[PDB]
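Enquirer: Chain by chain, the residues run as shown.
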Amino acid sequence: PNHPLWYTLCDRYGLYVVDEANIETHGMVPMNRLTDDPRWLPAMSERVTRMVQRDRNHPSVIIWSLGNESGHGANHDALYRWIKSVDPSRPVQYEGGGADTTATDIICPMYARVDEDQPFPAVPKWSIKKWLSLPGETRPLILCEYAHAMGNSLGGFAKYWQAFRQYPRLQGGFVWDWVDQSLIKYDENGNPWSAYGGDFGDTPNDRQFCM
Amino acid sequence: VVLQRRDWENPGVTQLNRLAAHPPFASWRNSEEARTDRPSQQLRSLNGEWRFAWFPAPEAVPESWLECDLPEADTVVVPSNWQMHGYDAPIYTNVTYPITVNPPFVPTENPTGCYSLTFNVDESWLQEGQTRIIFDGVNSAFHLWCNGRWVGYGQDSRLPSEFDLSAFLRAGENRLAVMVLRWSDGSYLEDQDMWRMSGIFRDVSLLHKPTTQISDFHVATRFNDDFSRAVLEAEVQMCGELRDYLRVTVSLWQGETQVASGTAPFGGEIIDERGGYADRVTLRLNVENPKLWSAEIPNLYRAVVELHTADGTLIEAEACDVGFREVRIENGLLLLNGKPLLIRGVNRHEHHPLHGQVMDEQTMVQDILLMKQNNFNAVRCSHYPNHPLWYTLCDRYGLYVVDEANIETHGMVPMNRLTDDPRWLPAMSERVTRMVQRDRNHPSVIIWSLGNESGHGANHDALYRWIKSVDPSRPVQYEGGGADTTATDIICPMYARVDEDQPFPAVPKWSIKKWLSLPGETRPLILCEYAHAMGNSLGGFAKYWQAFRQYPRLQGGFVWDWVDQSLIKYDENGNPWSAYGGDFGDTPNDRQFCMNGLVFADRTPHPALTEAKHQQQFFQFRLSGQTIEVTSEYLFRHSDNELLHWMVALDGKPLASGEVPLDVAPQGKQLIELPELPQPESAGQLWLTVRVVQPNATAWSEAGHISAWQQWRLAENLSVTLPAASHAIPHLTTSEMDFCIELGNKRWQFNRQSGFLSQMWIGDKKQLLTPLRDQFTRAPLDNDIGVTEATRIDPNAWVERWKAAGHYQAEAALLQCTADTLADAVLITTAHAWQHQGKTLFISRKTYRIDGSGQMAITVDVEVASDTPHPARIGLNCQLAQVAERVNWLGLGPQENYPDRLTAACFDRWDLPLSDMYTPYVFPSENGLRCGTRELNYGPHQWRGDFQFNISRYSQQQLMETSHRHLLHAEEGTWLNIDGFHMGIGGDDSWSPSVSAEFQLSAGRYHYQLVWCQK
Amino acid sequence: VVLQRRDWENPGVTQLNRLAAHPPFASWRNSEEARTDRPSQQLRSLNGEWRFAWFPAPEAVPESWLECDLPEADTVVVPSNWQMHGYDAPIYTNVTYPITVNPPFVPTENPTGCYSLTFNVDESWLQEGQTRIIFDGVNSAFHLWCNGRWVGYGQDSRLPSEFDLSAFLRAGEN
Ligand SMILES: O=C1O[C@H](CO)[C@H](O)[C@H](O)[C@H]1O
Ligand SMILES: [Mg+2]
Ligand SMILES: [Mg+2]
Ligand SMILES: [Mg+2]
Ligand code: NA
Ligand code: NA
Ligand code: NA
Ligand code: NA
Ligand code: NA
Ligand code: NA
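Chains as they are written, first to last, in the entry's author numbering: chain A, 393 to 603; chain B, 9 to 1023; chain C, 9 to 182.
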C-alpha cells in the first residue's frame, strides 16, 4: 500500500490503481513455504484486511492484489475469499503460483511473451495469446509485469500492443517499471553520482538490477 | 511478565511456544508395533494423581508455587473438571455469556486452577531426541512451567496443546506447573449451550520423537468411476537434517496381509519458481478392488509410515486406520462411494453425570453401541472437536462424523459481531485449521463444520475457502446466518419444520421441502439439528422421515440430542439425584434446558429413543393381500445377517407365526408370500406384526437383535352377539345428597351436589379416594412451557394460553343430575359447565348406565368453546384406592406413546409392573400415556372402549408442582387418567408452539364411551 | 518485558494495543470545512525535527532514553529513512533475504532507531475526547512509549499504526 496521498491524486488526476498488500516472500524455498502455512495466516491477513479497510473508498482503486511473489498457498485462497466477501465491487488478482490460480480473477502473468511459450515446470509462462484459450479458460489477461525496462530496453514493446489491440481478452499490462532505484552518492569533490547495489558496501547485493 | 501481559485478555495471543498441530502420533520404534496399534514405549500417560490448588484470580497465586508444592493443595485425579471436585460451581447458561460481554476482557475475579506434578524422566529420553508434553484438553487457557521455568501458553479448550520440554527437563525427578484460567478471550468463542466448566479435562501425555522425525502425514484415497480401483496418496513431512540416504516407506495392510507398499527419498515435485519441498515426499500406492468403508461395513486397512535409511534402519514409524471412501456432492446430492446418503444422525455432547466433560472409553463405547442399536449411522460433534479416541471408535464401529470447530459466539449482538471482525480472524482460524490438521486422516469424518451459532461473518467465508483448498475430499458446512449462506455446501438448518414455514426476518426457517426448490437453489439439505428431544418429546418425528424418504435431496439430519446434560448431586442422606441449571447456585441459568437427550445421563433410554429407532429403520415394508414386500435402504450391504419373523394375533391372542430369511440386495426388494391363515370364528381384529431379527452377534449388537418392525390390520370380525341376559336388576336408592345403586356386592354412589361418581364399593370396600371427574388439562411438558418464566411471561406458549384462559383454575358447575330406573338398568344423566370469569370453557354431558351384569357404561359428550385455546386432553380421572403390582392392557405399547409419537408402538396384549407406567423425566410432566387402548386391567377393575390412558402414583397436580423427579412422593392409591382424546406433544423445537394442527384438539365437539366392570 | 518477549521474532504478535484500521479521518467540527477538504484543527502534523540515536541492537538501548533525551542523539527531519542520513547502509538484494532465512528469528545484531519528540497539546484535548497518534509508515517494527510509559507495538511497514494516547498525555510538555 502506498502513502495515503497517492490515492487522492489518482482519484483527482484519473489513474486506475491496483492496490497491493505488503506481502512478498520471494526468498523462501519453495516460494509458498510461509503462505501455505496456517501459522502465518494471521500476519498475512492483517496486511490484506487493513489495506482494504483503509483504501476501500478510493474510486481510483479498481483491483485488489494479494501481494507479490509468495507462491500460491492456502492462505491466499482464504484471503482471496475474504476480499470477495467484504468488497464485491473490485476484482481480486494475484500472480503467484502460475498466474492463473484459484486466488485470481484475472490471468496476471509477469513477463509472459506475446508469441513464445516458456513452458517452465509447474509455473509455465504461456504465450499470452495461447493462455487465453487454454481448455476451460475464460478469464481476462492483464500482465502484472511486462516489458522489463532495464537500461537499453523495451525491444519488442510494439508486439505487445498489436496483440492487446487484436485480442479483446488481452486487456494490457503494467510495464516494469516507472523509475530507476538509483541512490545519490558523492565523490571526493562533493559531486553527486547515481549509485546501485553494492555501492554502500552492501553484500550480498544484486548490483544494477534495482534500475 | 505473565501477570503483566495478560495474554488471556488478548485475541491476538492464542498461544506462546506451542508446537504445530498434526495427526495422532506415537513414535513407534518397531514397525510391527505400529502395524498392530499396540502401545508405544515412546508415548507415556500422565493420567495420574496431580496436585491441585484453587485461587479466585491469577494475582492470588503465590510465586512459591512455581518452585515447590503448596501444602494447602490437594491430590486429585487428572483428567478432571474442578467443578466436579467441588472447588467452585458449574454454571448452566444457554445463550447469555457466563461473563459480562466486554471483549476481549474477562472478570478480574477469574477462578484459577493451579495444577502440578512430580514425575520421573529416564536418562535415555534426554540423551537423544525430543521430549514433548501433550495437553489434549485444557479449559479454557493455561500457562505451563517446567522445573520453575516458563514453557508456554495455550487457548482453545478442545484441541491438544503441545510443548517441547527437551531443554527444560533433567534426569531423575521433574516438576510441571500448570496455571489454568477459567475465563479468557477464548471464552468469547466458547458459548455453547452446555455446562460451563474448567480444568485439565482431557489426557496429558509425554511423547518422545527422534530429532529426524515424521512431523506430518496426510492420507488421500481416490477412485475410478466404479470404485474397482483406488490410488492411496500419502504426503509425508519430516523435520531434522535432510539427507540423501533418508527414505519413507508407506505400507498398506489388510489384517496380516500387506496389500501395497511404496518407498521414496525426500524431495517433492517442483511447485513454483523456487523449487519444491525438499522436506516432503508423496507416496502413491495402487489398490485393486479396495474394500470400501461406510457406516454399513466399516472396512479398514492399516497404513504404516516408516521413516528409515536406504539400507533399512528404522528411525521411527507412525500409523493410522485407513477407510477407502469418497465423499462428494454431485447434482445436488451428497454421495458416499457414489451412492446418496440418508443421514440417521444425532448430535452428541461430551457429557458424564459424575465426571462432567471428561470422556472415558467405556462411555464412548456405550454411546456408540446404543446409537447403532437404535439405527443411527451418523454423529455431529456438537460443538467442538472431540476426545481423539472418539474418531478411532467411529472409524472402527462405523459412524459418519461431522467434525466441528470449537467456535460458538451465540451471545453476541448481533450473532456475527466477532465473526465478521478481522481482528478475531486469527483466533477463529486456529480453531478451524488445527482441527483439520488433527483429524483429516479419520475415514469417519465425512464433513467439516465451521462451528455453531456465530452468525455469518467474513471470517467464515475465509475459513470455508481455506478448508476447500487444503482438503477437497470433504464437504464443508455451517448453519450460521440462515443455513444456506456462501459458507456452506449443504443447506443445514436447525429445527426447520417439514411443511410449515417460519419466515423470521433475515434468517427464515423455510419448510424443508420448500427450501430445496427456492429459485436458484441446488444443494442437498441435511438438518444439523432437528426433533428437539427435551423431556416428553419427538412428536412429529415420523413426518420428517416420510419427507426424507420421499425427497432425494432431503438427506436426513441430526437429532438434538443424544444425552441429557444432567449432573449428579447428593441429598442429606447421601442419596444421588439428577440436577440441572440453577442447582449449584449458578445464576443466571437456563434451568432444565440442558436436558434434551434421547437417553438419560446414565444412558437409560427415554421413550422417544424407540420412536427414533423405528423411523430410522433400514428395511421398509408393504403389504398386499398375502404378500409382504421388503425393501432394503442399505446402500452397500446385502442382508446377510437378517431374518423376518411374522406373527398374526387376534386381539393379542397368537394364531400363527413363522420366519423367512431376508435375501435383499442393497436398495433391492424381496417378496414374501404368507401361508393361508385359518379364519377365526371368534370376533375381533387380526393384527400382523413383522420384525427383522439379526441371528448373529455383531461388533455392535447381540444375537437376536431386532432392527426393524411393522404392523398391519388384517381381517376384522365385528361382534354381533348379544351378551347373556342377566337375571338381576340394580336397585336405586335416593337421598338429598346421593343417588346410590346396588347390585350384589357392588355399590355405586353419585353425589347429587357435585354430579360425579364419588364412590364405588366391592363387598363394602371403597374403590375411590377421589371422585371420577372430567379433566381437560395436563401437567405441562417442556414443549408446552417453552421459554416462559414468572419473571418474563411468553404469552404464546401453550401453558400460558391454558393458564390465561383459566383451564387450570376452572371449576365444574353442575347443570343437571338425574336418575331413572329402567327395565334392567339404572341410568344416571349429568351435565356440567366449566367456567372462568363468566366464560364457559367446556360442557360435559354424560350418561352412566349400570345394568344387571354389573357393567357400568359411561357415555361422554364434550363441547369446547371455539375461542378458548385447544385443551391438552379430554378425559376423566380419579384416584383409585387400590395399589396393584401389574398393569395389563390391550393397546399400543409396551412403552409410552402419544398421538404424534406412537408409530414405534405396537398393538398387542401388554403386561408391565406399575413402575414402568411412569416415565422418570428429570423435570416432571404428563408422562406414561399409552394410546389406542381397547382394554385396561388394574387389580379387580377393567375398562373397555377406545381410549388413551396413563396410570401412576403421582397426580397431575403433583407433577405440575414438582420441579425435580427426586422430590416426587407416591400418593395414596393410584391416579388413573383415561382420555377420549389427548393433544400432541410436539417437539419440532421446545421454545415455540410445535404441535401440528392435526394433533390439536380443535373439533369443538367430542364423544367417547367407556365400560367399567369387575375383571 | 519488552526485551523479554521479543515481539519482533513472533509472527503471532503483529501489534499490541493498536487501534482498528479505517479510511482517512480528519475529525472536522465544521461541515463546510469537511466539504471543501480544508485543514482540520483536530488533525495535527508531527512532521517536524525529532531526536534520533542509532543502536546496533535493542539490547544496547539505555533505559534512561525512555525518561529523557540522550545528549549523544542528533536532531533529524522526520519522516526519514535513517540510511539516508548515513547511520547505516541501505542494502540492495533482489530475491535472497537480507537476513539468514530462519523464521521467525532475525539477527541479534539488529539496527535500532531510537526516535523521540518533545511536544505539547491543546488544553481542550486533555479535558474531553480521544487523542490518538498515527504513524503512517514505520519500517519494519516498533515499540511506542509516551511520557516514560509503554503504549504499544506495531508491524507492517506500509500501513498506518494508530494508538490511543488519551490516558498517557498531560498538561505542558510530553
Ligand atoms: O440451536 C440450538 O438448539 C439447542 C437447544 O437445546 C442447543 O442449544 C444447540 O447447541 C443449539 O445449536
Ligand atoms: Mg489471548
Ligand atoms: Mg447456542
Ligand atoms: Mg512479531
Ligand atoms: Na484487448
Ligand atoms: Na529489479
Ligand atoms: Na432423501
Ligand atoms: Na439445550
Ligand atoms: Na440373512
Ligand atoms: Na413440573
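It is worth saying that the hints were derived from the structure and are not from the lab. Built from N, CA and C at the ideal position, the CB exists for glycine as well. Treat the hints with care, as some may be off.
[Said to hold, decoys possible] Derived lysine-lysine pairs resembling DSS-like cross-links, with alpha carbons at most 30 Å apart: (1) B:299 <-> B:521; (2) A:517 <-> A:476; (3) A:517 <-> B:476; (4) A:476 <-> B:299; (5) B:521 <-> B:661; (6) A:476 <-> B:476.
[Stated by the list, open to error] Stretch-level coverage of chain C by chain A, calculated; a stretch enters the list once three of its residues show a Cβ under 8 Å from a Cβ in chain A: (7) 51-58; (8) 105-116; (9) 121-129; (10) 151-162.
Enquirer: With reference to the structure, classify each hint as holding or not holding.
Expert: Here is what the structure says about each hint:
Pair hint residue 299 (chain B) plus residue 521 (chain B) does not hold up; C-alpha atoms about 36 Å apart against a cutoff of 30 Å. At roughly 26 Å between alpha-carbon atoms, residue 517 (chain A) and residue 476 (chain A) fall within 30 Å of each other, so this suggested pair holds. For the given pair, residue 517 (chain A) sits about 27 Å from residue 476 (chain B) by alpha-carbon distance, which is consistent with the 30 Å threshold. Proposed proximity of residue 476 (chain A) and residue 299 (chain B) is contradicted: the alpha carbons are some 42 Å apart, above 30 Å.
Between the alpha carbons of residue 521 (chain B) and residue 661 (chain B) the distance comes to roughly 42 Å, so the proposed pair goes past 30 Å and is violated. Note on residue 476 (chain A) and residue 476 (chain B): the hinted pairing holds, with a Cα-Cα distance of about 16 Å set against a maximum of 30 Å. Figure legend: the segment 51-58 of chain C, annotated as covered by chain A; annotation inconsistent (0 residues with Cβ-Cβ distances under 8 Å, at least 3 required). Beta-carbon proximity to chain A at under 8 Å applies to 3 residues in the segment 105-116 of chain C; the threshold of 3 is reached and the given coverage holds.
Coverage of a stretch by a chain is defined here by at least three residues with a beta carbon nearer than 8 Å to that chain's beta carbons; for the segment 121-129 of chain C and chain A the count is 0, and the condition is violated. For the segment 151-162 of chain C, the assignment as covered by chain A is violated, since 0 residues bring a beta-carbon within under 8 Å of that chain's beta-carbons and 3 are needed.
In this structure, the earlier hints numbered 1, 4, 5, 7, 9, 10 are contradicted, and the remaining ones agree with it.
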